[PDB]
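Chemist: Residue-level listing of the chains:
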Amino acid sequence: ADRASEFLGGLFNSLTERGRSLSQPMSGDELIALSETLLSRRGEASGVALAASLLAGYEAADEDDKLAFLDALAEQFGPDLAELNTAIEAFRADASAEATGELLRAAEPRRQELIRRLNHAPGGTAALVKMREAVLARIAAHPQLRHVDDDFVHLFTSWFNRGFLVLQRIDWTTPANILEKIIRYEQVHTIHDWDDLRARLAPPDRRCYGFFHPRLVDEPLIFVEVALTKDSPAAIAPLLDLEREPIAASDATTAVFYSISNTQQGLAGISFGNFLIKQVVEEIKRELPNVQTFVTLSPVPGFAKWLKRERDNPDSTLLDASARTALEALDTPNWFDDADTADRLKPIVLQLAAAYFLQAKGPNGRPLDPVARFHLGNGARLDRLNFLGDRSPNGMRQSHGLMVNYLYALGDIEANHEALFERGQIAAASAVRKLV
Amino acid sequence: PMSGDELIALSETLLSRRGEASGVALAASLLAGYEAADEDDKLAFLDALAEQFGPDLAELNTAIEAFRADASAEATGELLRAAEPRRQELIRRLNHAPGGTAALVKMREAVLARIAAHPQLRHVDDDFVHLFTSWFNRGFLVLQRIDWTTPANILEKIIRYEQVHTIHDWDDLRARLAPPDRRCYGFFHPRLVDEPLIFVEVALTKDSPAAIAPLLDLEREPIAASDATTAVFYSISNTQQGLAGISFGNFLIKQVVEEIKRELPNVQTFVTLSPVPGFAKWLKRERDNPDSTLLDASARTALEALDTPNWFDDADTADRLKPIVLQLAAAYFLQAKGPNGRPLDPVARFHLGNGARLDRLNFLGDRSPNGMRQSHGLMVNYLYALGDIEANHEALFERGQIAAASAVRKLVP
Amino acid sequence: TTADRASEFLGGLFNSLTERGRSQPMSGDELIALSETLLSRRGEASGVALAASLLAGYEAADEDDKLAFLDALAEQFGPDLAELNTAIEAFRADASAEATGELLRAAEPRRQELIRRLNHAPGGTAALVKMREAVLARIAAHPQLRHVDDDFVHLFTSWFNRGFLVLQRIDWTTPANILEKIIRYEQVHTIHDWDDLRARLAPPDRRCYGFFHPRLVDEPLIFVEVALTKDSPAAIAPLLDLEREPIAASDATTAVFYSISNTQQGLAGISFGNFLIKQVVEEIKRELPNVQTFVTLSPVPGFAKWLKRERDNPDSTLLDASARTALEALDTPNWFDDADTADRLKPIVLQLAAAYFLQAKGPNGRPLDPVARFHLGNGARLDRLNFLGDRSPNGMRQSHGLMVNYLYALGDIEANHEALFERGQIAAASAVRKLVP
Amino acid sequence: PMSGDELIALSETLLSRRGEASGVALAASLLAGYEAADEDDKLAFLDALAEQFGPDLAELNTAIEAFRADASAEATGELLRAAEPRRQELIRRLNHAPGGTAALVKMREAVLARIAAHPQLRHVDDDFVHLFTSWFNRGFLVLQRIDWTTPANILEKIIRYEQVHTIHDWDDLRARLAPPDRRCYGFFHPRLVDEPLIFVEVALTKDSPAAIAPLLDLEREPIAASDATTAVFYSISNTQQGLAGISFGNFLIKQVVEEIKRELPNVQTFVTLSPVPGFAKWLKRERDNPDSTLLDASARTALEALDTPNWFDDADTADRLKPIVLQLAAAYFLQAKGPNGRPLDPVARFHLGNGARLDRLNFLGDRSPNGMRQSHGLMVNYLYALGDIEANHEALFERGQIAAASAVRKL
Ligand SMILES: [Mg+2]
Ligand SMILES: [Mg+2]
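Protein chains in written order, with our numbering: chain A, 1 to 436; chain B, 1 to 413; chain C, 1 to 437; chain D, 1 to 411.
For reference, chain A alone in the conformation it holds in the complex:
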């Protein structure tokens, strides 16, 4: 039945209210010592006790002691090499069930149990996420921790099940402890104090939502900023216009997604499903059924640095001197001003930009642009390419000002998605694809 919606609501409410209810720096060595103790503990009370302790000791430790520990999760808490070999020989001797099971057992690094146990401490999950954040930041100077992050991903993928994710409008009636977080995760608009915030949430032509999961109480995991309007924008400058006149909800037909952000560093790479946006769309449709179309005014981070690599190679598959000439006009502080040099680049940029999307592919079989991977993964369609839609000194170096417009269509959202994942079809508008 559908009663499942109420049951989970009631349940997640007991969980959150419960959460809102509930020390001296340690060295890298002690932390390791403590881990071993926790891994051999049998009692459940002493277990959470050692766990909470370890987590407090780590949060308190000096940046150096922290790294000593993370490194140890690589060297001292991987699988037992002896056992694993024994187990390998057995399988090699007879590919039996007994042997194929002990192999699965012996190949599991001890870290997994350690993380599974640390997670029993009150606040454990939140601390664990902050820990994966530290290892993610340590991969560079210590590639070894890439395997330590692998195990966090495994476990996290299991905890943050997409079935328990939930969408909530983040308006002025939202709990203060949560909004206080929004002040921090706010990407676009500026917000220093609660006044800036209320003001930010005030306008009736502005909206924003958040996805919450019971594993992290009162934590908006994904933040979705929307703008209500009648026209489908091609420039960001206007939507963020502080002195412009805002309209009314019934006075809109096109909801435009100007910002979508993952708020927790430690959750990078953890999928929360691919029909997120679809949900944010229905919420808007249920509230304001007038809204006929749903488009996004997303950026294109990676295009500029793609135009670099693609130009630096004088043996481009489709980029001659005729182009490379006027092309490098971008190599000037201010070029977007000269209305002349502007209309010159438009055709050439939009032409290479179209390639960057439908043509360019990253490592694995998938679009190079990260924002494309997302919105496209979410069944949207690469509808329009707004040249110079963001002339901010930020976007100018990010994508040379180039901004695009993905369009979500309730009808064929799932359709595009299957296309993209099963085959490779990059749902794009005809007007953009004819720039090969």
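Because the hints were derived from the structure by calculation, they are not lab data.
Ideal placement from N, C-alpha and C gives every residue a C-beta, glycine not left out.
Please note that the accuracy of each hint is not assured.
Mimicking DSSO-like on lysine-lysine, the simulated pairs with C-alpha atoms at most 27 Å apart in a straight line are [stated by the list, open to error]:
hint: 1; chain 1: D; residue 1: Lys157; chain 2: A; residue 2: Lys181
hint: 2; chain 1: B; residue 1: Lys284; chain 2: B; residue 2: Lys410
hint: 3; chain 1: C; residue 1: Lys346; chain 2: C; residue 2: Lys434
hint: 4; chain 1: A; residue 1: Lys285; chain 2: C; residue 2: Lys285
hint: 5; chain 1: D; residue 1: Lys281; chain 2: D; residue 2: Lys206
hint: 6; chain 1: B; residue 1: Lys106; chain 2: B; residue 2: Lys42
hint: 7; chain 1: B; residue 1: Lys157; chain 2: C; residue 2: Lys434
hint: 8; chain 1: D; residue 1: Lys337; chain 2: D; residue 2: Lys261
hint: 9; chain 1: D; residue 1: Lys206; chain 2: B; residue 2: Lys261
hint: 10; chain 1: B; residue 1: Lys157; chain 2: B; residue 2: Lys106
hint: 11; chain 1: D; residue 1: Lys261; chain 2: B; residue 2: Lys254
hint: 12; chain 1: B; residue 1: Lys206; chain 2: D; residue 2: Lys206
hint: 13; chain 1: A; residue 1: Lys278; chain 2: C; residue 2: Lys285
hint: 14; chain 1: A; residue 1: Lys361; chain 2: A; residue 2: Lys434
hint: 15; chain 1: C; residue 1: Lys278; chain 2: A; residue 2: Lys285
hint: 16; chain 1: D; residue 1: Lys284; chain 2: B; residue 2: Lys261
Some chain A residues flagged as far from chain D (calculated, every beta-carbon gap over 10 Å) [stated by the list, open to error]:
hint: 17; residue: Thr37
hint: 18; residue: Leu39
hint: 19; residue: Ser53
hint: 20; residue: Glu59
hint: 21; residue: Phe156
hint: 22; residue: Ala176
hint: 23; residue: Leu179
hint: 24; residue: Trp194
hint: 25; residue: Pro204
hint: 26; residue: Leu216
hint: 27; residue: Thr263
hint: 28; residue: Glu287
hint: 29; residue: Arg311
hint: 30; residue: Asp312
hint: 31; residue: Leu327
Place chains B, C and D with the ligands on chain A using the hints.
Modeler: Then chains B, C and D with the ligands, alone, in the frame of chain A:
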């Protein structure tokens, strides 16, 4: 409907799917088809799960050759991934179908049911346990008072899963949660909606019972909550068969008493009136004594009076059986151990596990036909004290040390 | 966040008031004496204690003692006649604001303050409803209690504000304690234990709703039974036939109200708004958008009584020699069991029914038939007359088997309601309006 | 916009309306009209309310004749009906409009405020109070904890409505809600969504303070919940101007302490550190007495010190104002009364009415500029006990017996 072959095929498809919407659709269809399948087609699919769906050997082999060549971290990590039965990914995916968790839990009931006739299915069961252990986290287990204001669909489930003192109909039911001197609680998990994973039936009283009949019988009169001083756990039921062997934590009862205490601060003594679903099965196996420091010559003597249609009403041939049986029960608890070195009896494992103390042995505390089949009407009282729960649990788990009252550690031969 | 926010909020507060909401025999004289203490009391703690005491006493009192007390409310607890006259003379002397203020104070009987205070006892409102049920049951044999009932209505009206009325679907996920009460309030269907209720609610083509108000926690005031179908019926027998084959709710296109009941005798005559069915329709629609037509299959209690009066009237407005002659058929064992007698009657009856519905008014000016006053007031349209829709011995004595369908169109509910209340215009279909003389 | 006359016209159309749907439509349209209209039109409508909307004389007289011609119960009940001012039906109708109760509460504020300048409005007030008493039934009042996880639009209101120790910004607010040594409760009623009618600010401690400075101070060390034995009610506010004079019960505090203890059973002593707004105008009117036993020559002199601007910052002239004031405060309390046998202090009538007993007169407990303004920096304590609350309440209401402490009586 669908045949084992067709299910096996659709499984394969689901496993190689890459689109979410299409994946969930395939998962919802396979589950739907499995349910419609036949006892033969079903055993076919559960079996194809124990053979075709184990770890992929081709990929396991490469991973091993790679590790042998270079035992690098990447190689070790690769070996783990490839050592995973395909079953696990299959199970994880069906779980995305709506009602999958429930469906999945019913499927595990099905393998746990066939395991005896098909010991290979046991390898499939291990993987459900691995996932289930991760899905049913104790952190989301929620205690919820269950009374007459509780939805009917849920109450209906309690009459069906009540496993200690059978609840005949809705009147017996109302009888157990409507009186102000009666209390019921249940633990719920977001993984299974409206499904009380574990529910406890307590009786608010002034004394520590020794027989259920008095608690059950629809005759006696209640008593205001503020009047009682003692809470008595007279029934504990683990509802989902497919959830057998998944620990929900050892401090479950500690929560039910913390609840009862904040509500009725007038209740300061907590005990249980529990069964012993493994005593008749023990004593009988012990009656074919090849050589035991327990039973002797003048032993089986009174142990015959147990084999009657009702030896529990004639003080004659029974009063002679009380001190022999209790002497032996004291042996069944403090000495008899299960294959894992834990206390032989399931219910003593639960309560001792929750920090309770074996406080008293009640000879013939339950006369019902069920009580007779389990331990010859034998029942015991475990005691719970918030101040000792943690210690007893820790002491039991860390050192295998059982917590029993002196008045019982003595009755051991 | 104001239409949905106020609902979030109200739902919440109500949930609190729900869990929060989840005695010796006295003589009429003692109860009356007590009412006097309570009335003069000043402390809140003792007020409640006394009131709680009086209610318990009343409950346990003898039927004679209850009755004496109710009568006491009429003669002893009315307005103080002395000061009332004093105030009348003050105002006749000079109609000042202070004069009409005191007059208003002077006219209010002590019954009101007594009821208001008894309402503070826990379980007070429920007890007062039960008590009002008693005075309602005694107005015949005791016409003086009518002025006691008038005071109850003034307070109940203010307490049971339509704004807090909430609609809830009633099914197997509904709390047992509420379902238990439902097993007693069930109208059409027959229900014994829980197997009946569970059975009666199981079918996917059946759906009943309830209206709840925070004043009477866990209590369904108005119970609405509906049937999911693919056509607007003309006879109940089929709908109620257990040996019928249900249909998936998604397959249905029609929603048919076939039972609407007020569950609290003591609430009789208290309005909960005219847009009740509106809410039930908007609800079904959002759950099953696959339903376009909203129609009822109502009874016409009081048609038989009316027809009798029309016949016994030697000067009947529209009963010629023929009609009178044919009608005599209605006065036989099972005339309905003769296709010929039936088809002969159908034209004359249906035509009389039309004048009944469209012309027969009440002692005020409202449509005489109580079920029509309801559905018409709920903005419905009288859509069709179903000759011989219910041949159950009951329906036969009620309206000679005559049933009807009222048509609810979620686009003219307000229009029709306004017409009936503002202009007195009945919303009937031509098929029936062009059937009147 | 809309003129007072067009409003009075609408009201008349609403009173005779029979249709429900159009009934609430006109009601919404009147509320909105009144709401956004010049002050002058407003006073028009409100004065019309006292004038053109009292009872209908015709009907009232007809009803009078009948009663004089036949004092029957049916004639009586009919008189009562006709004595009701049309205003009531007007209000009752406007209240069906979406958001009417809130609009109506605001309108009462409009009249209440204009009374002093226009006493004929007091009559309008009278029917507002009649209806509000009925509507704001105490049984639907709900106690709710108000911490940092509370909806913003509500916390905002808590800020805006503080009336004991002003809150300046959200951080300052966060301060009274987040710190574990702190707590806050509000009372909500279904008639006004998200509107905290009454809200209390308690400072969990382990003693019984006599000054606010050490409570509201940002620089302070927190204390765990269980690390407290007491509870200190330092601020209590009644939020709705328009709900002035409507009782929400007399056991509001008994509910809060019952909640604090069920959570922190480590608290076994609940006391307040309340102000005394009725001390300013009392002593300021006191020294204008033709005669006053509580004010002699030897007193009215050592009391002259308070006249200076800043005398609270000198250990010197201050210890003479300690015994003379306490004896007048202890008098003002146990003695002084208002137009009724009830205590003159609006805060004492609240706490005593709530079952508390005057336990101490913490001299100069408030240094705030507003504090001196009223109680001259003086503060008092009130002791609540889950044993005497009901007993004290009764004594005060049944017999006017002011439960106080010996330490305070003699003075
Ligand atoms: Mg795993
Ligand atoms: Mg009145």
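Chemist: Would you list, in rising numerical order, the hints stated earlier that this structure does not obey?
Modeler: 5, 7, 8, 12, 16, 22, 23 and 24
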